[PDB]
Structures are given as structure tokens and as C-alpha cells.
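Based on these hints, arrange chains B, C and D on the given structure of chain A.
Number of protein chains: 4
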Amino acid sequence: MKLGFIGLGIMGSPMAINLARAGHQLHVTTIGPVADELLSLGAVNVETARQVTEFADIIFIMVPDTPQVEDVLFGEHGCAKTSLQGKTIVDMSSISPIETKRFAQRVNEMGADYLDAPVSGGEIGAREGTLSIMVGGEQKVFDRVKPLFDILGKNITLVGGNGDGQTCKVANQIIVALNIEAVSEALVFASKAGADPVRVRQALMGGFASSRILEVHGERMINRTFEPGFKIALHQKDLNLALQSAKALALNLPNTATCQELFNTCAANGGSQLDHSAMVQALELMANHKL
Amino acid sequence: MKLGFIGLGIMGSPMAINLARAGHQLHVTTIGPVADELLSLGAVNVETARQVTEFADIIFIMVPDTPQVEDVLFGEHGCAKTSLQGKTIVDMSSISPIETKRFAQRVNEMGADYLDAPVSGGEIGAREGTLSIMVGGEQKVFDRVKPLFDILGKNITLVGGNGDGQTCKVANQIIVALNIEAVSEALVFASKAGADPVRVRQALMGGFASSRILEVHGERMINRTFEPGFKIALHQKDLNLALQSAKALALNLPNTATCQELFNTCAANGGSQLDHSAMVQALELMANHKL
Amino acid sequence: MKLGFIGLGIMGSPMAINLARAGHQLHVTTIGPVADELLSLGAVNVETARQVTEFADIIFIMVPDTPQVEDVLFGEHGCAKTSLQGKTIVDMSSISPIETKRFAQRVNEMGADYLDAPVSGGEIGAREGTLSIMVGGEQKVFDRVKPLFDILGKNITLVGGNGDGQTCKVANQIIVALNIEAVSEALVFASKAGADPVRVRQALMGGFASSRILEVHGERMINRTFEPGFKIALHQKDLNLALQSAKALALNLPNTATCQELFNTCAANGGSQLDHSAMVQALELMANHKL
Amino acid sequence: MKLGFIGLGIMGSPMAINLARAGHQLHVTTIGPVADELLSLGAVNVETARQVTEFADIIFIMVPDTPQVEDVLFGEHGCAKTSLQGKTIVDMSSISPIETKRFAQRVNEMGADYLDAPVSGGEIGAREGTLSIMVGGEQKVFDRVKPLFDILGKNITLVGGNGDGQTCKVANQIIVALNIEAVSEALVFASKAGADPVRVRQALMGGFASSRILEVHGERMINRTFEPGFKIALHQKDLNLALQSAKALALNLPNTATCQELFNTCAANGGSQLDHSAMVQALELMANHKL
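Chains as they are written, first to last, in our numbering: chain A, 655 to 945; chain B, 655 to 945; chain C, 655 to 945; chain D, 655 to 945.
Bound conformation, chain A alone:
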């Protein structure tokens, strides 16, 4: 069918490639060079978001921020500069929950359907179609795009109306960040107390301390494996979205605010491009004691 993809970064490119290899028809547009492998599968690289839209019935979007999603939709040569009657816009960018509601609304007033469906899983998840997809929007629309979500991901969930997808993603990033920080506090304390991080993590696995973070990341902190799986610089962007929403909704998120500052400490000490599990280096530095 006629699908369009705007934004082909480390996530967008492989996602589009996945839809193209599934036999779907695609016109794409990105700030820069398109992947040979993508055009190699039928994809047609056009010049603007407006043209992707004039062609497709379902438009996918993968841009860095709320402003890009904003520009792509209503910019000078964007998706709205052409009729959107009967179309479906699927933003899979991680952007403001509040701005999303507004966007989805004005695209509705132009006769189009809106689906906000931010993802999690990183570039590996995107290459292998195992992305986690939290979706905001109406069921019927969700059902309609689902076959496509299936190619792109594994865990797909309709969380509610427009905006809940972005919102669900913010909540996931808050917990992931707070969970990583807790394991860091608990293990660095255990280590400086004289206990063996390996054992404690094992002991704590059976019980209420158990979580996927303690399982995967706790391991990385011990083994010192910090190769990018999700760069700290990226999680800082995610928490920044969290805090700004908190400010707009008047929410007091004491530990999300601190985690952001803890990440600032990682940056200042060469951790911006390491895996967010390296968050542990912050507490080690602060206690002067590595695992």
C-alpha cells in the first residue's frame, strides 16, 4: 500500500527499510542521504514532506523533536500544505505529550486521522523489528495500521487517545532512568560496604528488588560493558521532555530531576555517548569507589 516515511536517521532508515522489504510502496524524505538498501527496495526519495503526503495514505514520521514534528506537519512545504482528507498520520517520534494533543487535533480538522506512537528499543530494535510501540489514538485507526506496526515492532499497545502514546513513553523513560539510578546506588553502596556486586545482584533477583534493569543493566555495571545500546545523551533528551512536561502540568518529580543532574555529571566526565548503564560511574565518582 501507499506508505510514506519522513526522517531516516538511525531509527527511521531501518524502520522504512523494514516496511519496504515487506513489499509495501514507499516514498521517503530525509535531511540528507537516503540508504542505498532502501532505494534498492523500491523506495522513492522525494524532496519534501508535502510530496510524501500527496502520495501516501498513511504517513509515518521519525524526527528528533517536537519542533520538527511541528514543522513537518504544518511547515512551509509540509504534510498540511496538501489535502489530508482520508489520510492517516503516524508520528513515531518521541515528543511533547501536550503538543501532540494539539497537533493531532488540527490534523483532524483537516480531515486526517492521527496516531502518536513513540517507540523504544533503539537502533537494534529497529533493524530487527522488535521495537516496543506505545500508541495514542482511536482503536479503529490503530487496528488499521497494526499490520504495519507488526513489521516494525513486537510489543504494541493502544494506551488510549491521542497523546497517551507520547505520555506512555515519557513514563517508561522516567522509570528506566530511576531504576538504573537505584541499582547504581544499591550496588555502589554494597561494593564499598565490602559485599560482592555479583552475589548481591543474584540475591536481590529473587524478591521485590527484581526488575529488568537489575537483570540487564546491573550486569553491565559489574562487567563494565558500556557500549551504546541507548546513549546517555539520548536519555537526557528523554528526561528533558519529562521535566518540561512536569513544569507544564505542575508536577513535582524529585527523582527524575536528580537523575537528569546525575546524567549531567556523566557528561562532564565523558559518559554522554556510553550506555545509560554507565550512570553508575556518577555514584562511583561521588563516593570515590568503583565496583
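Treat the hints loosely; a few may be bogus.
Since copy identity is lost for identical chains, a pair holds within one copy or between any two.
Unchecked claim - Cross-link-like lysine-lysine pairs, in silico, DSS-like; alpha carbons within 25 Å at most:
1) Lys891 to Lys755
2) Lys901 to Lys891
3) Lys944 to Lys755
4) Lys944 to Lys901
5) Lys794 to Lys885
6) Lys794 to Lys901
7) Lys794 to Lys755
8) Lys885 to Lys800
9) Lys656 to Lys901
10) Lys735 to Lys755
11) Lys794 to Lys944
12) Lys656 to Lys891
13) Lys735 to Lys808
14) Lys656 to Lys944
15) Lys901 to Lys800
FYI, nobody ran anything at the bench for these hints, they're computed from the structure.
Then chains B, C and D, alone, in the frame of chain A:
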């Protein structure tokens, strides 16, 4: 063998009752009145402490705080002034890791083995024999008491040498607290953002936000079911061990520090006696938005 | 000389009025309606921006945020596309320190001097000509505009080169926030402890706790007098500059981070429009104890 | 007159010496050696607190903690082991506000008057009689001891009834600690922003950022002068008193809790014996940037 129990009450009592129910002969003692059940089960309520240590090779201690464990060990009517040669003393209280280090070697230089095996599971855990037990000590000693631990709980884990048992428990309590607070910040936010907590929780269940806390405690927050399972006042006393240990070992535990303060807000608003899942109320108060 | 004002409103207006009242001829502009007072005082409300820059050697900018200062500088109807040679541009807005660094050198390579001179004192300060002014730039340039600053405020201070003016303002706002929060934690505590805040405040006045904040704001908290002097919503926008700057420069500002969250609790409970001394209410809420 | 002094540490010794050089009669007792200069002035070193009390009408006490004050008053050979009818006990130790109320009460029931009057100013303040004295108790009693407070200090204040003195001291230590941390955040940010710490501190002096901490300590942070004036290890003790009271009174003191953790970071990095102005090294470490 022939055992001894030096602390009854909320948890020591049902624990003694389980050991007595397995055929063991126990010489118990405590400040309060020995429950009839264990009296009429073989336990001999020898009027005081030094005595339990006499007719018993393995002595179980289940007292409230670090200082009371020290007096039981080296007090006038204590285990001191009595031969300790060829005996095994096992403290199952949750006390100071650094302290345990020295209580142990003190007892060790008196001719006895020491196992610090703090426990978690609460009242219901002690009665049911399903307590989680983290142990610090020498393997053979652990192996010797093992059959008894088997009667007292399911998850028994030898964490390392003397002190690592306590260190393991503290680490457990830090993560349970930080994880509970994390789910609270994410859901209160998701809620005030307009999303349905049941939904978000459902989504985050399949990814990296997944935890034993979001599953159980998450639910407790949504259905507003806070009947005790583990009192906030209790988790308060525990976080105090972590913070005092942290202070002694010079560790910067920022979110644990904050969590203790948030618990202060709960106690300030009638949450001291509720399940620590009641934590969520602190953030609801700070955001003026419940659920 | 011949001056220009590019931003009126809450503060820009009374500032322009003070310059006009001193005999200077001002070519002003802003989105809203120019107050009659300055119109009937010499100010020529030249319909737009590029024009103010033409008939004026020193241009004053008093716009809300960093981006609006950038558009005034390099926008279509902006100071750009107009010779800037031999001119002096002075931004008195409180914007981003890092941004100002580049706006400055941009203007500098166009043939003009730049002074970033953020101000503090609020509405009443601007009307009364008693604003505090921190300035970043070259001394001779500062010396040139100095006579005008003298009309606008009392405390004028050349802090350093371009950008240090903004950096100085942010530093001011961090301490005012942290000091206000400190007095709040100490007095709420002293109060709930049974002591009289008037007393404690009186004592701490003669020692190291002494501050310009405990003196003024301390009083405001006791007599419950929170009528605006400086809105929390305003100090919120400011703490956001500090936190965004902190994030860019990779600084861990833990208490500033928390203060911003506590302000979120105030906004959540109708304090957005009150004097930032209203901060105390956040801790009163968190302790369930007022005064 | 007949005065007694219990505790002759770095504070107590010079304080007692000051009362002895004023021509007063003194019997003292300390854990250890008494100063030659003190006995040199008439002071009689007795063996126990009970004997100091049997002799004096007004008993001064300078011990490290709530437990010592406790023991000195009701211990096996303390002040209460002798009649206290008509006497006046003056505790100048910094201890729990809550425990104090209880102490003062039971000494009242034994016919004696109680005055809690913790001090601030350190050992220099004690040698030179410039100590700051915050007093809890009844006026008439305060008036009666005042002549003595005059020899010992400079700033003396009756803050209210028994306990308010300790309480007033806790509040002073919270503010001092929070104020020091704020200057540290503001200056380290300013420095990494490129501004000159010297100028900013000067700029900020005129305005609401002004406080004694910014004046004295801000200077020490720039000049790097960290020679003990008040050891961080000591301020950690003071904040520890704060937090435990917070726990007992159910108070949420978010920035006091963090400051304690920030100090833990100083300890772990050799700052336990430096002046609490060295608190700034924590943030520098955390941002990887010294002033």
C-alpha cells in the same frame, strides 16, 4: 540440633513456632509474654538470655535494632560470660552492616561461629516459612544451619562473609524504596497528563520499565489498596540504616536520601501505618492530583 | 545620544519612559500598544523593528525569551539587513548565557558593539529607576552606555565580557531560590518543633545564617504576606535558564533542580502568581504544618 | 560564684577558662586531662559530674551528644545522683531538641532549673568570648545566667522555652549548610560558564543574593582557603541532628538531606577535616571543573 531463640514478637515468635513445629527443642526468651502456641509445643521459656545460650548449640536472635543485638551479645545477662566455644550464633535482625562486622569477630574470638542472616517478607512471611534470607558467613557454618533456614523461608542465599548478609538486606530496601518512588512519579505524571494508569502500567510491563514493583505495588496504587504488607514506618527505619551506613562509608545516596524525606511527608499525612506502596500519596500531594 | 527601544511591556515600557523622561529621543517598537505616556513624551512608535535600528546609535532590547531576542537580532524585520556599523546594541533581557555568546560575536562581525545587561528588580524597579544591572562586554562600550544605565537603575556592575552579564543574572536567581528554600526548611522545622519563627529568625539574624533573604523573605513568610514582588512563575522561567545552561555545560545543580520541582508544587497549589517567598507553602504542604 | 563545668574539649576548656579568668569559682570534670591554664586559675578538677553538682549552684555542660548530656544528668554518678534543689543546669551542647524537652522536664521535677543554650562560633569564638548563644528556657533564669553568657559570648538570645535553644541551633545549621551549597552551585556554574567568580560574587553582593555566607565563604571558595573554622565532619553531625529530628517530627527537608549527601562526597574525597566552605569541591567534582 538443640536450638535457642533470643527474640520473639511480631516475627521472632512465628519463626520460633516454625522451628518448634519441626520437632526441635527450643529454649526461648524475650521481654514480652511467650505466645502459648510455642510454649505448648516444647519451647522452654527460660526466664532470661545467658540461659538460652547454655542449653543450645545454635542461637537465633530476632531483636529490633543494632544496639539491642549488641546487648544480647555482650551484656550482663547476655551470651557473654557464658562459654561460647563450639557454638553458632545467627542474627536474623536487620541491623548495621559495619556493626555486624565487629560483633562477628568479637564472637569469633570467643570460640563461636557467626552468621548474619537478615530476613525480608514480614509477618506473613515468617508464619508461612517463605521468608527470603540473605546470609553472611563461612559456607560450612551456613551449610550447618541451612536445614533450619529451610524451615524458616524459601529464598536462602549465602551472599558472602560476615556483614554481607546485612549489606545485602540494606541494598534490597534501597531498591524497593527507589523503585516504588519511581512507579509513583511515572504514574502520577501519566495520570495528570490524561492517560490511564492501568494502561501505561500495562504497556511498561513489556519492556525495560518492567519490575516486580510496578507489577505488585503498581497495582496497589491504582486500586488504592494500601493495607499493610510492609509499613512505611518500617521502611523508614530501614532507609535509616542505609543512610547511616552511607554516612559512615561516605556514600552519596541522593535518591535514597530523598525517598526517606518523602516517607516523612507520608508519616506527616497519616501514611506511617500503611503499605509502603502508599508512597504514591506523597507525590499526589505534591502535584495536587491523585490516582 | 539617539536611542532605540525594541521591547515594551511590563518592564520595557517603564524603562523607555525613564529614558524619554530624561530628554532622550527614542524610536520604540513592540507588538502591543505603546503606552500613551511615552508616546506623548517624544518616543516615536515606528511601526516596526528594522526601523528602530536605523535612527538610533544605541539600541535597547527588552523581549521575553532567548529566541525572541534572536529574531529581533537576525530576523526579516530585525536589526539585520540594516547597517549595524558604528552602533551599540544592548540586550537587557534575561536569556541564555551560551546563546548571548554567539549573538554577540554575530553582531560584532557586522560592525557593532554588544552589551548583554540582564536586569533584576521587577516592575517597581524599572519604574523607579532602581534596577540592578549586571553587564557583559567591553569597558569603553560599557562606559558609553553607562549614563543611560544610570537612569535605569542603581546597582550597575560590569561583570566581564559578553555573556558574563547573563551568567551573572542566572547565578543571582539560583541563590535567591536556594536561599528562599533554605529559610523555608529551617522555619517550617523550627515551627513544627514548637519554637516561634519570629524568635529563631531574630536569632539567626546575628551570625552566619544572616541573609538578605531571611531578613526580607523570612518576614514575608511569617506575616503570610505573599503579594507579588516577583512571581513564582517568573522565578520558574529563570530556574529553567539555569537548568538548561547547566545541562549544556554539564553541571550537576541538585538543589536548583529540586527548587524548580518545589515551585512545581506551588503552581500545582495556586502559588504561580504569588511572591516567590510563597515557596514556604510547598514545605508546609509536605510537612502538613504551616507558619 | 559556684559554677561547674562538665566537658572540657576544644570548646569547653576555653569556655571554662574564660569563666575562671573572670574570677568565678570552678570545679570541673572531663574525660581526660584538664588544661594547665584552667587549674592555674583556681579551677578544681574533681572526678565525676555528681561532685561538680554537689559543689555548684549553676552547672554548665559541654558534651558531644544527646547520649552524653543524658548520661551526665542521670548516669550512675551524674548530676541527678545528688540533690538538685534550687540549682540551675545549663547545657550548651548541641543535641536533640526533643530529648532536651524531656531532660529539662525531669530535672525540673527534681527541683532544678534548666537552660538549653547551644552555641556557634567554633573554638576561636570560644577562646575570644565571641560565641553566639541561642537559649531555651525561662526569662528569669536566663537573666540570672546572662552575666555568665556575656563572658562566654557576644550574640545571646532567649528564643523561648526549653528546647527552643537546641531547635534554634538546628535551624541555624540547616541554613548555613544550605547557603554554603547554594553559593557553591552558583559559583561553579558561573565559572564553567566562563564568568569570573570574583566579579559575580561582587555583583551579587548588592542584591537579594547577599548573605554572610556569600561574603565570608564565597571568598574562601575562590581563594581556596579551607583551613578548619568548622570541620565538615562537624557539620555532618549537625545535619544528622537535623534529619533525625525531621524524621521524628515527620518533616520533609529535601535540601538538608541532599546537603548531607553532598558532605558524604566531600568525606570520600578528603574533605572531612577541611572547612565546610570546601563543600564547593563536591560540585566541582560533580561538574569536573574547579574554580
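Taking the hints in turn, this is what the structure says about them:
1. In this assembly of identical chains, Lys891 and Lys755 lie within 25 Å of each other by CA distance both inside one copy and across copies; the values are 20 Å within and 23 Å between.
2. In this assembly of identical chains, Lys901 and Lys891 lie within 25 Å of each other by CA distance both inside one copy and across copies; the values are 15 Å within and 10 Å between.
3. Within a single copy, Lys944 and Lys755 get their C-alpha atoms only as close as 44 Å, which misses the 25 Å cut-off; across copies the closest is 22 Å, which meets it.
4. With identical chains, the CA atoms of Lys944 and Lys901 are at most 25 Å apart between copies only, with a shortest distance of 17 Å across copies and 35 Å within one.
5. Neither within a single protomer nor between protomers do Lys794 and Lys885 lie at most 25 Å apart by alpha-carbon distance, with minima of 35 Å and 45 Å respectively.
6. In this assembly of identical chains, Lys794 and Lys901 lie within 25 Å of each other by CA distance neither inside one copy nor across copies; the values are 33 Å within and 41 Å between.
7. Within a single copy, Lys794 and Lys755 get their C-alpha atoms as close as 18 Å, which meets the 25 Å cut-off; across copies the closest is 51 Å, which misses it.
8. Proximity of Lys885 to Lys800 under the C-alpha cut-off of 25 Å is found in neither arrangement, the shortest distances being 29 Å within a copy and 44 Å between copies.
9. When the C-alpha separation of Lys656 and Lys901 is checked against a cutoff of 25 Å, the pair qualifies neither within a copy, at 40 Å, nor between copies, at 42 Å.
10. Taking identical chains as interchangeable, the C-alpha atoms of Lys735 and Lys755 lie at most 25 Å apart only when both belong to the same chain, with a minimum of 20 Å there against 37 Å between chains.
11. When the C-alpha separation of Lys794 and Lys944 is checked against a cutoff of 25 Å, the pair qualifies neither within a copy, at 52 Å, nor between copies, at 31 Å.
12. Neither within a single protomer nor between protomers do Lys656 and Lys891 lie at most 25 Å apart by alpha-carbon distance, with minima of 32 Å and 45 Å respectively.
13. When the C-alpha separation of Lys735 and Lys808 is checked against a cutoff of 25 Å, the pair qualifies neither within a copy, at 34 Å, nor between copies, at 53 Å.
14. In this assembly of identical chains, the alpha carbons of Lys656 and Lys944 never lie at most 25 Å apart, being 53 Å within a copy and 44 Å across copies at closest.
15. Within a single copy, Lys901 and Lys800 get their C-alpha atoms no closer than 33 Å, and across copies no closer than 38 Å, so neither meets the 25 Å cut-off.
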